[PDB]
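Okay, here we've got a single chain as structure tokens, the form deposited without the ligand, with questions on binding and movement later.
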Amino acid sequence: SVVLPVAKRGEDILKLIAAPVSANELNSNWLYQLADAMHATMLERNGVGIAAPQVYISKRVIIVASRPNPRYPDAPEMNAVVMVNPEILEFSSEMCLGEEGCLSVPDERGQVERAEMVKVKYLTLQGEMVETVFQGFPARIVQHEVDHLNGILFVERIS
């Protein structure tokens, strides 16, 4: 496993709309390697999620991996999920606000309003369709990472 360089706020890579992963990439060693490098990078930076644009890869891949760590001492622990081509199909009208940081925003945290619940459809790295309901802090990570795929940093969502 390799720890990749992470783009910081102000770099233009972080402002693009990341391109969807194509059919021939699904279940490829390319794609497995991409996800493994993202995963190592996130762990090394005590992230609870990561998006491919953050590691200069303008593709629609994210990792959602809520776990307590120094950066988030109170996060619930889930098994890390890698999502290819995620699409949020439903946001709840109910809001929750929480403090977010970001691997791409050194030394700034802010309060962000997010949907309490999201329903997300995505593909596994093999290419199989999955739909999952997330609540609370995992939901906020899903929203944060999808924002990265759409060129949005959490600083822009500060109410």
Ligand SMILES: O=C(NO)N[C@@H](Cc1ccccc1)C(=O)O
Given for the second form:
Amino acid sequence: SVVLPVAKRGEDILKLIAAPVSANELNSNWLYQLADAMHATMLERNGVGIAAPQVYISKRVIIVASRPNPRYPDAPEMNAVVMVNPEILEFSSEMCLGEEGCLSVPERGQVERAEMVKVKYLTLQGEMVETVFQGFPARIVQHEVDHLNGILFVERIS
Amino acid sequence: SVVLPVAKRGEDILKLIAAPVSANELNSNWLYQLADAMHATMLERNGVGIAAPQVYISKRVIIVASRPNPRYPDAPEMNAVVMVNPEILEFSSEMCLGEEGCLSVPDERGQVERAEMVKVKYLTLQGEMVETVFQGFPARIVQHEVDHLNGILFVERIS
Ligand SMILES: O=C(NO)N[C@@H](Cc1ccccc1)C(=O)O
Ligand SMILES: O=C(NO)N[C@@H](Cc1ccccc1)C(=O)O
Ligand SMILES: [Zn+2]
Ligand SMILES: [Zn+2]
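Form solved in complex with the ligand, following the form deposited without the ligand:
Below is the whole assembly, all chains and molecules, this chain first.
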């Protein structure tokens, strides 16, 4: 097992548009290990999500993993989901405000997000999934996709 | 073994300074798998070297692997060397000029002046320190790959 260094605000890797994962990488040891290192890194830093660019990997892979922990004591439980090449298909016009932080901005803020999102993605095995999130998990999906598109949560404030 | 997508000139991932590999990564299955995918990619594309930023991984890992192949039919053959956190500690004042291509630059080769000899200190995948002297075409490969780690493409070194 490994815990990967996390890039911080100011580093240009967080400003890129991450590249999609290729068909060759689906169901590979390489991809399972990337996802495992990400997962371990998120857990060690009490994150509730992580995106590959945060660990210097400019690829479209995120994890969404709400759980109560010291950084988010009230966060709801979910089974962690690894999403390859996620795309938000629909954002609700209805919005919610919530406090976010970021492993890459060690500073928190209050951000407006869609209350609901519908997201398409591939599993690590290559299966195409479409699914709806609400509330805090929806916020995490939006924050992590933003990371894939070179956007930090501070740029969504004001 | 997986063959990975390769970034091309224009893509901003190739302009960054790649981050050093951290101590906890040394001798990790993570780092072994990265190197294996790099190596497979390089062989599948007939490269004689590869840098992690070329496969969208902004970390300081390179492979130097001169061998004759369809892209470089007269290259000398060496045993492939994977280098973690390579640092060039000496460049010779003597220069050689040679035609270089790049996995990241399609449809172009150019004449590039390189030091004829470089001394490079690096870590193995297990994390052991090694210092090696390279000459000639292997030396040009080391220099090209270290330039990839520093956000530089060979086109920026011409004339
Ligand atoms: O930086 C990351 N993700 O990029 N981790 C965030 C995820 C997050 C997203 C939205 C709201 C709250 C929290 C964190 O502080 O755990
Ligand atoms: O683009 C890469 N490496 O980044 N590979 C180059 C390596 C290289 C370096 C120097 C001289 C000739 C060839 C290639 O065309 O195989
Ligand atoms: Zn974040
Ligand atoms: Zn190159």
